[PDB]
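Starting off, we have a lone chain in the form deposited in one PDB entry, written out as C-alpha cells.
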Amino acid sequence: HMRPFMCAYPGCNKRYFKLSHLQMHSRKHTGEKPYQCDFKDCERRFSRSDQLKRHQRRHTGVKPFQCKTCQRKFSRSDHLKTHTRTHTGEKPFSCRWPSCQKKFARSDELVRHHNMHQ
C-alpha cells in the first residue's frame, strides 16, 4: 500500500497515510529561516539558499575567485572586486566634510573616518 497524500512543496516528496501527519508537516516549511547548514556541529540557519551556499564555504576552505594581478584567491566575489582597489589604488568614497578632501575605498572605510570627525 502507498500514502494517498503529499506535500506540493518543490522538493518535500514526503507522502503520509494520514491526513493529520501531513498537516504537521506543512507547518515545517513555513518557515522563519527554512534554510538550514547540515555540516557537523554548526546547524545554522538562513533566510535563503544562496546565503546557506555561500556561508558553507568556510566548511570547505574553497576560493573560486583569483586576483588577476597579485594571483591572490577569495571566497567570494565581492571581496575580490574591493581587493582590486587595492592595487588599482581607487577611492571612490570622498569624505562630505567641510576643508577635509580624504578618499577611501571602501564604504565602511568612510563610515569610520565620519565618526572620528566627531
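Residue numbers count along the first chain shown, from 1. What changes on going to the form deposited in another entry:
- Comparing the chain between the two forms, the hinge between its two rigid parts falls at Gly31, out of the candidates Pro64, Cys67, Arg57, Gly31.
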Contents of the next structure:
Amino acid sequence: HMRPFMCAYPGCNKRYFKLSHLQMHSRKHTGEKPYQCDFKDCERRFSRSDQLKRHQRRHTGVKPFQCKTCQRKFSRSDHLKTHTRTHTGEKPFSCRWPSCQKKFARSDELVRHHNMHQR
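Please could you give me the other form, the form deposited in another entry, since above is the form deposited in one PDB entry?
Left out here are the partners and the other molecules; the chain alone remains.
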C-alpha cells in the first residue's frame, strides 16, 4: 500500500500510486491550470480537463442525470445520488454520540450536527 510518488514541496505530505497523479498534483503548487473556460467571458480555469467539462454545464444548463422516481434532472451524478435518498430514506451517517440517535443522508449534514456536541 506504499505510495512511491511523493510530493517534495515544503509542508506537503501528499503521496500517490501513479506518476501522473503526482504530476497533476504538482500543478497545485505552480498554479498551472491549462484548461480555460471560453463561455461568455468566463474566468474559470482548471488543471484537469474533466473539471472544466463539468464546470461548463453551468453555461449550457445541461442536466444529464434524471431521477427515476420524480423525474427531476440534475447537473451531476453525485448530486442525483444524494437527492434520491430523499425518496428512499437512506441515511448512512449516524452521529454515534451516546444519547443522540439521529441519522443523516449526507456527510456534511452529520458534520454540522456533530458541532452541537461537546464535553
